[PDB]
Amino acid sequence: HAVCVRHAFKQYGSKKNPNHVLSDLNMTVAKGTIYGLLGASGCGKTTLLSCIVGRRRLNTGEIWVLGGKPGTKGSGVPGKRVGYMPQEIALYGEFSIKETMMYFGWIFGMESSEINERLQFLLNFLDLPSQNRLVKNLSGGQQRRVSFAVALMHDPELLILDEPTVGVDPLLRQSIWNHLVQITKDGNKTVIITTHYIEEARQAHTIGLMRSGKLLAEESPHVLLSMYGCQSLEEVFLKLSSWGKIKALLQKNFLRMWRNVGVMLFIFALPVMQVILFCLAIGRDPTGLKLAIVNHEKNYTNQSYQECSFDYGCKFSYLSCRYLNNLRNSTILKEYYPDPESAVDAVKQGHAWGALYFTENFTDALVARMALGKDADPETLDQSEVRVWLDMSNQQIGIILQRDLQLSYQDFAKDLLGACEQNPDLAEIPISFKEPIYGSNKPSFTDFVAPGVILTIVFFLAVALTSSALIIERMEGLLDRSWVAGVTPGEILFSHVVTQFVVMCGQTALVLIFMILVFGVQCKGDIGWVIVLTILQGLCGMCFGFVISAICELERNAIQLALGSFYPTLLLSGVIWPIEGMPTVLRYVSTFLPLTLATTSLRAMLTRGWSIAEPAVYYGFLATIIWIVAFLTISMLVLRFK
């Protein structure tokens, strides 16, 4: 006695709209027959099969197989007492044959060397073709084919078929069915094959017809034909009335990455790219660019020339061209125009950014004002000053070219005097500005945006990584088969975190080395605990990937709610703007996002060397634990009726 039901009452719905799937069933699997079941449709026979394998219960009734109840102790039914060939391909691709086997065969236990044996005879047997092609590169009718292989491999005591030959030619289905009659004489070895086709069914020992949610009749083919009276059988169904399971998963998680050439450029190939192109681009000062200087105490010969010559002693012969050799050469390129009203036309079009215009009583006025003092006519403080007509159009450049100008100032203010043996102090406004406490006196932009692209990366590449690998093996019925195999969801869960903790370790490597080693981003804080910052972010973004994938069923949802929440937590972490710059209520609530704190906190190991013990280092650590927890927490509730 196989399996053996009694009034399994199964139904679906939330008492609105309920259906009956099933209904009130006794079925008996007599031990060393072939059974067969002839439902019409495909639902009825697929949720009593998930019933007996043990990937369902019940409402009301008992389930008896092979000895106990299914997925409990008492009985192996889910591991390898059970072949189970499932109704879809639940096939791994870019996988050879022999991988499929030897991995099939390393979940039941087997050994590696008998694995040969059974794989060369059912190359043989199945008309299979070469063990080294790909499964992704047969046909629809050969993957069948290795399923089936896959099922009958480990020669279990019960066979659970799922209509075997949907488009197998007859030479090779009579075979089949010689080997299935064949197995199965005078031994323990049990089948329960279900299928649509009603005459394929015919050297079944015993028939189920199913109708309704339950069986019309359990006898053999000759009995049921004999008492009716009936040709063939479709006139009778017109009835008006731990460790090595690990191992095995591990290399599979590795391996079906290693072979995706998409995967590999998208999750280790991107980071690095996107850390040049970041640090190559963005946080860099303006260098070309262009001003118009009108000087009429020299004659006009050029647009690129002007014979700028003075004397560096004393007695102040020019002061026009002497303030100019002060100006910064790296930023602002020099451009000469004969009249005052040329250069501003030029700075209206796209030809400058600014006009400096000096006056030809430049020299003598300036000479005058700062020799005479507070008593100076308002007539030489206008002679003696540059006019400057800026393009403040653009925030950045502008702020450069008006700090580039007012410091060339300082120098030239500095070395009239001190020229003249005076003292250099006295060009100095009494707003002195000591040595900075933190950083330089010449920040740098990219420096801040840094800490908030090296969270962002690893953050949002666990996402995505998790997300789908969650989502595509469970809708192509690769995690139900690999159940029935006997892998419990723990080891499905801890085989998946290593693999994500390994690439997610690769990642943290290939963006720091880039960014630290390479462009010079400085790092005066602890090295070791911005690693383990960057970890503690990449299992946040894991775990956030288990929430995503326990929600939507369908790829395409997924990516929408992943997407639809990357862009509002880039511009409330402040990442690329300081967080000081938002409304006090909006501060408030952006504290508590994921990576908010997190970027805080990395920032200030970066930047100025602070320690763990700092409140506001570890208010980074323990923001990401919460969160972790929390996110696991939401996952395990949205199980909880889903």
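Residue numbers count along the first chain shown, from 1. What we label the rigid core is the largest C-alpha set whose atoms superpose within 1.5 Å from one form to the other. What changes on going to the form deposited in another entry:
- Note: rigid core superposed between the two forms; among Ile527, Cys420, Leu333, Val272, the CA shift is 2 Å or more only at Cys420.
- Once the rigid core is used as the reference frame, the Cα position of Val575 differs between the two forms by less than 2 Å.
- Once both forms are fitted on their rigid core, the CA atom of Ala604 lies less than 2 Å apart between the two forms.
- With the core held fixed, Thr633 shows a CA shift below 2 Å between the two forms.
Could the form deposited in another entry be shown next, to go alongside the form deposited in one PDB entry?
Chain alone follows, minus partners and molecules.
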């Protein structure tokens, strides 16, 4: 009437050593009775119950329950017509008892006014603590009783229970059995219960004894004892032979993140700290650089004083303190030494980045050098020069020092003339740099790396959240419990995409506000298309999190896969160094990576202000869309023939 199983096979393990849990099996459960399923091992009964509710799909079998096959649109197994208690405690923490009751009632479509009566009745009957207590703050027995109350709340016509009374007090166990007997009799309710107390299953109506994947007997307990003349059942076994369902899922997802402070800090406060620290340390020009100066045109007094005095008008008095007046104060500090040997010794230590030497004949030789032109003898060309020894072990510092020293002389050369009706253009190399077409004369390395930092934060934090949430929830039977309740797989997936979309929108707003408004990173292009590209890259990472969760079953295995691809793609996507420095063969391969073309597209919009119509901009838009499709296809193809 209620359940009928015929020829049900199932096995686990490899082909060489298979663990046969189920073999040729026959079961018939009458409507309106308590059945009772006793077996030597707890795995076969669990597999049978999971196949009955329709969540395991055993091979080469036949299950008929409440109209037809589970989940076939001819029966009512997935929905409010059955009440399922799993073997594990498939309950959400950080939720009170009343909140759990309300959530599961909203899933089953009960009115909020008729849920309170059931909640109070179950609280009184099952000896439970206050309804405001969090589930994670309860003990194992209390949590199991709360799960039982959840299974009993909606009054189903079929109850499938997996060890409801395992560590319950004998008085409470007796009361529970009396309640089950009462609701079963004089009604249309059927109970299928598996227990370890064989004697306790004496009020049951049709005991089915399970052994070696088959049923040794299935018949009334009293009559079974009558046939063999036994006073206990123990020695008989000794045989030597749908929108409202989306609000509930959406509300639950937002409350789980809000009540986890550590989760809120990792996905919202961690990105802000990286942006703040990156904009304060990476890309700025060094400023604290010390140079050793040996000016032999002036008396030496101290390592911090030189008395650099000269007449600013004309007559070219010193021309060596005049040159040092044009040195940029922001990046270079000046220290003074008495000998070139002692100044060089400072550079050989960590006391200076370079040494400058002026001979006592510098002024006269320099004045004569410009007055002779191409007729200057080698003597005046020797004494009219500044000897510079530099520490070039640091690439960025050496570039700054050389550029500042050279640009300081250009200002010095253009300052000597100009008041004498001489155009400063006489002191220019024929190679003349006009106004830059893009950018300025002082480009910043922070502006080059900033586009890649934004995309990597949004992409890789969507992989971690999606992979962990789906793996954890699937591994403790939380998805399976909701599927039996009548929640379709398309509704669960829809609610996950919406929740992740809102999360990544908050991250995008926070990252862009600090980078642009606070730290002054330039954005020459349209900010509308900058947001769209950032959101699309976040959705690309979410689809990659579907792939990881579809192939991994432990959380420790998922993080290794994520970190195993987070490192190689960072070094090949041109985030910290220009892509033009790579070898040609490696450069071509890198263009097919998920983030390479999008980082280039974002950089052009921020640094050059290019529009969406430029090929270099929309090429990164299309590469993100293709990777989204590829990631979704890979995740589906895992289950296509499996």
